[PDB]
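Asks: Listed below, chain by chain, are the residues.
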Amino acid sequence: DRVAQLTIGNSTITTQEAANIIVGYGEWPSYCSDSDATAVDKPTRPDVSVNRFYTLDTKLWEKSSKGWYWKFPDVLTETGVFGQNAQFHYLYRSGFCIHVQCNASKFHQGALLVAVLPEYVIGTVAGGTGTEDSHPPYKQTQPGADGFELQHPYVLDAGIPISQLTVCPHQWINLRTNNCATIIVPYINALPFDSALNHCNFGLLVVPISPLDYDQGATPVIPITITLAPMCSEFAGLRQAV
Amino acid sequence: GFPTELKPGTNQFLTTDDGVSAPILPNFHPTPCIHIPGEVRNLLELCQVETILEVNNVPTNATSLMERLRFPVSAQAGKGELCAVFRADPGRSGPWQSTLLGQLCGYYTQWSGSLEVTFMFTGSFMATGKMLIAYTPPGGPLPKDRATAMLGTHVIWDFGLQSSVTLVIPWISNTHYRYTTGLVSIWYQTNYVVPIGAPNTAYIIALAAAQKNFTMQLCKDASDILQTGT
Amino acid sequence: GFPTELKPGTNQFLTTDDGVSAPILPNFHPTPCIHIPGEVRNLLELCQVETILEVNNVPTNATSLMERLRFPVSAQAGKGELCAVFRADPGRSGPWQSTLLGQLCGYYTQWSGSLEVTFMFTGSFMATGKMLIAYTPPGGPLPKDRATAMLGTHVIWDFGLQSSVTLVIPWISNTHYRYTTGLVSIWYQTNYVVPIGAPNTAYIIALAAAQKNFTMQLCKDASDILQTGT
Amino acid sequence: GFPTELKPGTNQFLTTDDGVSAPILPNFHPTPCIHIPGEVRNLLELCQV
Amino acid sequence: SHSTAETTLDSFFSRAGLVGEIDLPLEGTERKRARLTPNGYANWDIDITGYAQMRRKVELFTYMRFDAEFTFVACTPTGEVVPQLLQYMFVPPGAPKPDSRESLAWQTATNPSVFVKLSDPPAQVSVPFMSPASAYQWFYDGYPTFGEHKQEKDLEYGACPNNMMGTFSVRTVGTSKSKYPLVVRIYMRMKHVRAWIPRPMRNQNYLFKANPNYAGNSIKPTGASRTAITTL
Amino acid sequence: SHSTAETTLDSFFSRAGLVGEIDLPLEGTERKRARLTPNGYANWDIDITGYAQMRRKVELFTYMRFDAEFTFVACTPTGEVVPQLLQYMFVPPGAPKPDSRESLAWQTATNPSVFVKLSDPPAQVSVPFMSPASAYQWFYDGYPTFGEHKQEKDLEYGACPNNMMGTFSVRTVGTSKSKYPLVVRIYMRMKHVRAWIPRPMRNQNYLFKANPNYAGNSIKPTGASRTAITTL
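Protein chains in written order, with the numbering used here: chain A, 3 to 244; chain B, -3 to 226; chain C, -3 to 226; chain D, 25 to 73; chain E, 23 to 254; chain F, 23 to 254.
Hints should not be assumed to be uniformly reliable.
[As the list claims (entries may be wrong)] Below, computed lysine-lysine pairings styled on BS3-like, alpha-carbon distance capped at 27 Å: (1) E/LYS199 with F/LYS54; (2) D/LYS31 with F/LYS139; (3) A/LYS141 with E/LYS172; (4) F/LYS213 with E/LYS199; (5) B/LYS3 with C/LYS140; (6) F/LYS201 with F/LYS242; (7) D/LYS31 with C/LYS3; (8) E/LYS201 with A/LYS141; (9) F/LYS213 with F/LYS139; (10) F/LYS201 with E/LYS201; (11) E/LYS54 with C/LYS140; (12) D/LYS31 with B/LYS3; (13) A/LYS108 with B/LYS75.
[Stated by the list, open to error] Computed beta-carbon distance windows for the label pairs: (14) B/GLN185 with D/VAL64: 34 to 44 Å; (15) B/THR162 with C/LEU147: 35 to 45 Å; (16) C/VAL164 with B/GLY102: 53 to 63 Å; (17) C/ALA218 with B/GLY225: 30 to 40 Å; (18) B/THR162 with D/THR40: 51 to 61 Å; (19) A/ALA220 with B/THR149: 15 to 25 Å; (20) D/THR40 with E/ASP121: 51 to 61 Å; (21) E/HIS24 with B/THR162: 19 to 29 Å; (22) F/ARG221 with C/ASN187: 34 to 44 Å; (23) A/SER32 with C/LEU147: 23 to 33 Å; (24) B/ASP14 with A/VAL42: 24 to 34 Å; (25) A/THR57 with C/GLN44: 44 to 54 Å.
Calculated from the structure, these hints are not laboratory results.
C-beta atoms are modelled at their ideal positions from N, C-alpha and C, and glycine is treated no differently.
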């Protein structure tokens, strides 16, 4: 009966679920009272047009799914008006409301770990048994709004144990208990501003830890819908032509 | 002319000595700290974070590595034992090595405190049943059956309650280490019950962490590797 | 008999060490300071002084060296681009090396702050016309034409106002330096207009300096020469 | 530049000398004292038994 | 329980570790020479991962900030001390390093130098937090060069140049070669440590210094059980 | 940012630079000997431009005032340290310098001397502001001799004798020649710096120490552009 609307795009949502909303590192996104000069040409703080409800193409969860990840702000870097701002500016800064939702029956099974890992550097295989340093292409490091699938979920495709991914801001999606998860992300960098197209401040991981299951006859693929909204987006830079 | 005698152990270089040495760049002023959202000041903050406990540390194939973060029940099983007892031994070899807590103990020698282990049932909504989770204090043997396990510290976990079973392990200690550990057992109280259309097998995820009374003492570097020069 | 242990790094000589050493002439009394009209206490004072910016760093003849301090317009030109432009890079190779600011940056490693560039039109009193001075921030390419240059930060400079055009460059940085610089383009808004008897070519002198928010960090001696012993 | 003259018997090691030497483990915090029922602080306590 | 001070970042990180070891031989039929390949003078870039266990340790966090105390222990490969004068020169990140024993870099005043004998106790200096950024960064999910995107003629991905701390250039003073075979061991101690974003601890063997690449033969932290139901 | 202390005159000028290097070998078939041509003892006039980059630096101003800290690092040309006793004698500006190893100048008490061994850490002393004027002067637009005017057959224009800081006379103690080949390197650090009239920074190569003379091939600070309209 509840319809949450912010902007031009509207979304129907159940919240706040099993564990309420997760605010990353106990810190809400803020504008920047501090940075940096501060000069006359200083940040351009838009909303609510740019800072709206963006809903990515739905992903299909399968018995054999290994997991997906998205890079921020790379996902929206080509999407609508935010994509426009991020491209034709020099400096960028923002927070994010990330909302992940499943649609499944009470006869479906499984558990997703939804997490946010700042500076998510990818490492690919150097040969199954060997040492060849090849580094991931753009299609894998910055997979755009369509995201990318994990090759080795156990090591998060970076030699790092997924069993400890919960040190990062996270929320569980257990189809038995809840169908949705919400994570709030503040701007995290060693600089107040950075490049939107060259630096991905964090990655969003969605990994099945307990595999999807069902008896045969039920819908064999479960949709994972992702809605995300930038919160205190700030664009310095100025003019640009790509 | 201020009279002085140099005491034993002068010109020595002690690697743990904490003094002030000459600044290489006296006039240099480092980039000032900005605020960064996450900050850790004590590792015990990290020890208090639930991480997945690989109770099912049995498969050793690259393709089956994800199966160690889970461990299932199934309608097949009678009313006997689900899975043995991850010794409550956060620093020793075994399941605890998957947790951040276990890995942080590896950089220390002694530890002591209480532990929490949260079990999360990821079965169908339509699935129902009861498990018996028991903790056995050090020195004690694994309880022979469900009935004798019930006579001790235990929680009876029904699936009217999703995961809100967090077992608390009273105390862990390394007064000796440089049956002498706790024991946490999981039994079928009842069989696994499902209607038509629900999967007859479901998986449990175990998350573990230390409580705020947990402390570690003697720092000690152990390792795996770091790349050689070429 | 005052107990003392000598700590690591005693007998060493550090060239940047700042201590007090024995005076060679304890009884000598140096000539007292009188007041001298000019005094500098911080180099940033000098960084804030306008000096001539050799935008026209094109001729390399001893006799044409004075032509680098100017750069002209002319009635000849249409309505396209006057001169491409000095990357706002006060420490890098190029036009900025003529300025005291650029030469002072040469003695340092990092810098950050705002800049001012004043353009002075030294044409006839009877001369008139409009230039479009535009700033393109780092990462961006040179705007393809006057029209797209106009869509960004720009000043339209008419010769009803002689030189009172000071373009301000928002921010410069060396977070990387040890299209990643600003761009300040100059275009013909209008053609160059003169009556009979007025020269059909006029020159602009560009003066540049740093604002008071400008700072430099890591000291570093780079050089040209100094005479050998003969 | 603080002037100092080193007096006879500097680099010597006296076995009864009581000074303070560098702690081998500065960050180490020893197990705190609990109360133990018997304690002796002077041997004359035992001579009086 | 009483004190939790041994689990502070300073307790965890602060102690002098053997970072590198510079080798300076004589002339003859030996090889290679080297090392680190000085035909007569070594350049050593400050790498905190010289100490082996340090990389996995610091990669527990995403951002860090600290000072560094460097100590220089010099001797002959037998551990003998000999009357030789040494030069330790610190070349700050922006500065050019020496390319020969006769390089002008050695007399450049803005490269602070230490002149110490082997007979003297080991030299010791402090290096401040050198980054142009607000913190060091062991993980950089992006590309530092800001050019025009679709162009990655380089697989440079994951490197951050803001972490450059400087260089130590080791040398025996003099115009003629030293009469003694020498070894200079460099020790580093992290001082005023702050760390920011905690992340999972390295799970697989390292392959390369600059990136988290791993081998396709992924391995477990440990799998000792024959089944969940047994315990031996 | 927060602090501008690195651009104060002290930060800019104060660090020990290698000013000179005195050379003292043994006897035999070599050339020259020297150096700085001592048949047994070297006289070194205090020249702050001994350090190469220093001249252009201080010539940023017209008038300056400072103290100077001198450090003496002594060794054999192999960098070996040897049991030799040295004498560094400071000859104040007005005073006569030694002309032999046997000069009475060496025992003249008003020439402060330092007697230090090579085994001892490098010697160190401070020289006060020595000028009779209120400040040193890198530019003197005139003629110091005040005689009567149209009198110019002596190339003197532009020199200022008020900048004389003194002389260091280096020597091995003793009546007999030293058994060891020696090198004495002199380092100077300017201390309490004040500067007065700022002027354009040296634009052309130096030709001579005493004057700003330049060659007829005037050169630009840099002219990389093929035209103002391009950016390569």
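Asks: Now tell me if each hint is right for this structure.
Replies: Hint by hint, here is what the structure shows:
1. Distance restraint check for E/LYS199 and F/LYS54: the Cα-Cα separation of roughly 21 Å lies within the 27 Å cut-off, and the hinted pair is therefore satisfied.
2. Under the criterion of a C-alpha separation no larger than 27 Å, the hint pairing D/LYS31 with F/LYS139 is consistent with the structure, at around 20 Å.
3. Of the pairs offered as hints, the one joining A/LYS141 and E/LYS172 holds, with about 11 Å between alpha carbons and a cut-off of 27 Å not exceeded.
4. Among the hinted pairs, F/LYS213 with E/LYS199 is inconsistent with the structure: their alpha-carbon atoms are about 35 Å apart, more than 27 Å.
5. As the CA atoms of B/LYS3 and C/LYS140 are separated by approximately 76 Å, the hinted pair breaks the 27 Å bound.
6. For the proposed pair F/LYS201 and F/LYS242, the alpha carbon gap of about 52 Å is over 27 Å, so the pair is violated.
7. The straight-line distance between the Cα atoms of D/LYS31 and C/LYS3 is roughly 19 Å, inside the 27 Å bound, and the hint therefore holds.
8. Between the alpha carbons of E/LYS201 and A/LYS141 the distance comes to roughly 58 Å, so the proposed pair goes past 27 Å and is violated.
9. About 26 Å separates the Cα atoms of F/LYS213 and F/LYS139, which keeps this hinted pair within 27 Å; it holds.
10. Proximity of F/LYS201 to E/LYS201 is assessed by CA-CA distance (about 17 Å); at most 27 Å being required, the pair is judged to hold.
11. Note on E/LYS54 and C/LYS140: the hinted pairing is violated, with a Cα-Cα distance of about 56 Å set against a maximum of 27 Å.
12. A distance of roughly 12 Å separates the Cα atoms of D/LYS31 and B/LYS3; the hinted pair therefore holds under the 27 Å criterion.
13. Taking the CA atoms of A/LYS108 and B/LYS75, the gap is about 26 Å. The hint holds against a cut of 27 Å.
14. In this structure the supplied range 34 to 44 Å is violated for B/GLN185 paired with D/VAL64, their Cβ-Cβ distance being about 58 Å.
15. The hinted window of 35 to 45 Å between B/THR162 and C/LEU147 is violated, with their beta carbons roughly 60 Å apart.
16. Restraint check, C/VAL164 to B/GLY102: a C-beta distance of roughly 56 Å satisfies the suggested window 53 to 63 Å.
17. Between C/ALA218 and B/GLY225 the C-beta distance comes to about 32 Å, which sits within the given range of 30 to 40 Å.
18. Against the hinted window of 51 to 61 Å, the Cβ-Cβ separation of B/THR162 and D/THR40 comes to about 59 Å, which satisfies the hint.
19. The supplied range of 15 to 25 Å is broken by A/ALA220 and B/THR149, whose beta-carbon atoms lie about 40 Å from each other.
20. With their beta carbons about 58 Å apart, D/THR40 and E/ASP121 fall inside the hinted range of 51 to 61 Å.
21. In this structure the hint that E/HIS24 and B/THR162 lie 19 to 29 Å apart at CB holds, the actual value being about 27 Å.
22. Take F/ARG221 and C/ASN187: their Cβ atoms lie about 41 Å apart, and the range 34 to 44 Å holds.
23. Against the hinted window of 23 to 33 Å, the Cβ-Cβ separation of A/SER32 and C/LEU147 comes to about 31 Å, which satisfies the hint.
24. With their beta carbons about 48 Å apart, B/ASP14 and A/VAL42 fall outside the hinted range of 24 to 34 Å.
25. A/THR57 and C/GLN44 have their C-beta atoms about 52 Å apart, which keeps the hinted 44 to 54 Å range intact.
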